[PDB]
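The structure's right below; bear with me while I get my questions together.
Omission of a single protein chain aside, the complex is shown with its protein chains in their original locations.
A, B, C and D are the chain letters, set down in written order, and residue numbers restart from 1 in every chain.
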Amino acid sequence: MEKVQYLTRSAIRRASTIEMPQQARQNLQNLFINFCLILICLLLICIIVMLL
Amino acid sequence: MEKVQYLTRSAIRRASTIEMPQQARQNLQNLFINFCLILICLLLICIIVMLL
Amino acid sequence: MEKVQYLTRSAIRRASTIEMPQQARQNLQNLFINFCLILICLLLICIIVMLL
Amino acid sequence: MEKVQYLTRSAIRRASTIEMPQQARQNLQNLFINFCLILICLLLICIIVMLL
Partner (left out) sequence: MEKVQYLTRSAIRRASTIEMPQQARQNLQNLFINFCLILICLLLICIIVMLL
């Protein structure tokens, strides 16, 4: 019953930490950006590899 | 009549939240950046797929 | 005479807002980054289109 | 024995500085992002070189 509510809450937690009262938000923000950038780096590596 | 005004306001809201008094601006800022980065990642994926 | 001074000031304004006393700097900072990312996205789109 | 603990701590240090109490977090955050972007730039250079 409330199983789904927990999951819903988990979703909220994921979206609440990134906006937590503490300025640590910038840290998470920094990680998400870094991760996305890393993914791009990997994609570029894969592109180089795939093409060559 | 004021229909357009509401839309205009909606535009303002979109541009006001990103600069809301709260430091949560960084959170939104983080999301826009993440989304843009994600789009790039997808584009790169599409490039890999299209080329290969 | 002072025409050029106004332009010089305009240049300063462009470089002063991004560093305005208010923490809104992050908002502008966010936009410049988003715009640059958007340009990259467009470039990638153009690359996909050009190649394919 | 505690050798591994030191390494574990070193890992924590790497993840603690990026979130240090000071707002200098943004500086580190800036560097990680810059480094990732730089890597992308290099990758792009390598792509240009590899393709051409």
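Keep in mind that, in the parts below, a residue touches a chain if its C-beta (ideal position, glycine included) is under 8 Å from a C-beta of that chain, and two chains touch if they have at least 3 such contacts.
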Next item on the list: Could you tell which one of C:7, C:11, C:12 or C:39 touches the chain left off the display?
Entry: C:39
Check: Which listed residue, D:1, D:4 or D:52, touches the chain dropped from view?
Finding: D:52
Checklist line | Residue numbers in chain C that touch the chain omitted from display | finding: 18-19, 23, 25-26, 28-29, 32-33, 36-37, 39-40, 43-44, 46-47, 50-51
Next item on the list: Kindly note down the residues of chain D that lie in touch with the hidden chain.
Entry: 23-24, 26-27, 29-31, 33-34, 37-38, 40-41, 44-45, 47-48, 51-52
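Throughout what follows, only the chains that are shown with their structure count from here on.
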Next item on the list: List, in ascending order, every residue of chain A touching at least 2 other chains.
Entry: 23, 26, 29, 33, 37, 40, 44, 47, 51
